Every structure is written in C-alpha cells, then in structure tokens.
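The complex appears here minus one protein chain, its other protein chains still in place.
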Amino acid sequence: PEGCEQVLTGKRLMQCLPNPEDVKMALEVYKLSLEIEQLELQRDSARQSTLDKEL
Amino acid sequence: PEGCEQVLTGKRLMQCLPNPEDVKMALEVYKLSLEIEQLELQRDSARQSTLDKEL
Amino acid sequence: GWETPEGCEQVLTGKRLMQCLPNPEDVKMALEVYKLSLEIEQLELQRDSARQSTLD
Amino acid sequence: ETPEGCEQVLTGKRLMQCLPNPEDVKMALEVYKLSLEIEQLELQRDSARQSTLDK
Amino acid sequence: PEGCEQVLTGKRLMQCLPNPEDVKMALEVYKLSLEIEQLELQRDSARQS
Amino acid sequence: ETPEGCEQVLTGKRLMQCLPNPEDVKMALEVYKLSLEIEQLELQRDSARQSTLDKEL
Partner (left out) sequence: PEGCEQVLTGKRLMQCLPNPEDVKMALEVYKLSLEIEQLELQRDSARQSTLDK
C-alpha cells in the first residue's frame, strides 16, 4: 500500500541479519556507544573548565 | 468517537504489514538508523574540529 | 463504592483516549507508531536539507 | 516508617490512586502524553509545509 | 567501592517503599504528570500566541 | 581476551559490580536519574509560574 514506505525501509534493514530482532539490538548498541562518547567529551571538556578554573 | 483521529491514523499505519507488531519494529529500526547517521556526522564534524584547532 | 479522588484530570483524559479502540493496549501502540512516523519524516527532511545545504 | 527524601515517591504513589489499578494510571498518562506530543508534531509538520507554500 | 555513590543513592531511594519496584513506577508517574503539564502549557501558549 | 573499542563496555561492566545483583544497579541508577530530572522539571515549573507573573503583573 501507500504511506507504508517508511515501514518497508525499516523492514528491509531488519534483513541485514538472520534474526531481525538482532538488527534492532545492534543499532541500539552502536547508538549507545556514540552517545556515550559525546558524554565523555562533554565531561572532559568541563573538567578542563574546572581544572583551569581552579587557576 | 471524536478525538480519536490520531489513534485511527496510527491504526492505519499498523496495516502496512500483516503483523502490526512488525510495523512498530520496522519504524523503530529505521528511526535508529537515521539517528545513528546524525550521530556519526556530529562525531566526524568534531574530530574534524580538534584538528583544525591545532594548525 | 468508587469515587475518583481529586487531581486526576490528566489520568481521565488518557483513559478516554484508551477508548478510541476496543483494546486499550492497542491505543498506545497506535499512537507510538504514528509518533514514530512523524519523527521519521522530520529526520528525513533534516537529512535531505543537509545533503542539499552545502551542496551549493 | 517512611524515610525523609521520599516526597517525590509519595506524590507519584498518590497519583497511582486516581484509578483502581495503579498500573492503569501509568498507561493513561503515557497515552495522554503521546496525544499531546503528536499534536505538536502535527503542528510543526503543517507549519513547515506552509513555510514551503506561503513563499 | 567508589564510583558507586550514585548507585547507593538510587538504592536508598528504592527504600521509600516496601516494594522497590513501586518506587520506580511512582517516580515515572510523577514525571509523566509534570511533563504533561508543560506540554499543556505549550499547547495553550500556542493556541493563544 | 577483550579487543579494543570495548573500553566503554568495561566501564559499564565495572559499574555493574557496585552491587551483588547487577540488575539492581541499573534500576538504582534509573531511579536516581528520575529523581534528578523531576527536580529540574519542578524548578522549571516554579520559575514559570513565577516569571509569567513578573511579565503580566
């Protein structure tokens, strides 16, 4: 049908792996990894504030 | 009733596939893929700046 | 002997929405799906308007 | 007893009594919240298809 | 150990009620209530504005 | 036998040892996080019931 193009695209992605359920987890994990890296950067780039701002 | 238009729209989307439960997953997967891509861009466009910063 | 206590208007509203369908659990999914669809569309726009912007 | 620092918890607990089944309370709220968020998204969508017509 | 301070704090909160699982729900519900109120304000302040 | 790129994972794993049952660790954090988020929300709410007041009175 029409309107379902988004769904089909997602469905196609679910075939990147044998268990489509594994696809979602893989992405969730990768996404976590990326978000964490940004968080680590913010944390460091703020301690680099306080450390210098102890100065 | 009336006020249920949003619900109906969602319900219609759930018919893009035989198993409506698959529809939600398909969308979640696609959404993950998009979000990840943006995260990758931000990551690259930041590693591209730490570099510039020291030249 | 039930009387709904005070400060529950939000709850009632949600409850009313749960009657848009025979099965209330189906209501939440329907909305979640629609919401996903909308968010995705926005994401697609941002993606296109970024492959385009800077393109010239 | 009930320790101090649990005021937030008690408030939530009180809300869970708006209905016979407390698990229904959380769902009711989640649904209403979804409805509100969707409405906002619909507005943004329209007010963007309109930027793209009105000029 | 150390670094576990956050965990301990959360653990302490889980003792606000006999069933710790009820604590998380209570908070989730309260949070929902607050978020909704904000959403309602934004909605009204847009139908107005 | 851990590869490289797994540093984030190891860190999380170490946190999971703050308590005997590891599943309890995640809940404890989720609860604490909720508490903090809520406090911020309450502040925003108060600082808006206050601000509109300053603007409109």
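Letters A, B, C, D, E and F mark the chains in the order given here, with residues in each chain numbered from 1 onward.
The rule is simple: a residue touches a chain if its C-beta (ideal position, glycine included) is under 8 Å from a C-beta of that chain, and two chains touch if they have at least 3 such contacts.
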Which parts of chain A are in contact with the chain that was left out?
-> 12-13, 16-17, 22-23, 25-33, 35-36, 39-40, 42-43, 46
Residues in chain B touching the chain absent from view | 33, 36-37
Which positions on chain F touch the chain that was left off?
-> 2-3, 5-6, 8-13, 15-16, 22, 25-26, 29-30, 32-33, 36-37, 39-40, 43
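The working rule: only the chains that are shown with their structure count from here on.
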At what distance in angstrom does the C-alpha mean of chain D lie from that of chain B?
-> 21
Centre to centre, by mean C-alpha position, how many angstrom separate chain B and chain F?
-> 23
In chain C, the residues touching two or more other chains are 10, 17, 27, 31-32, 34-35, 37, 39-41
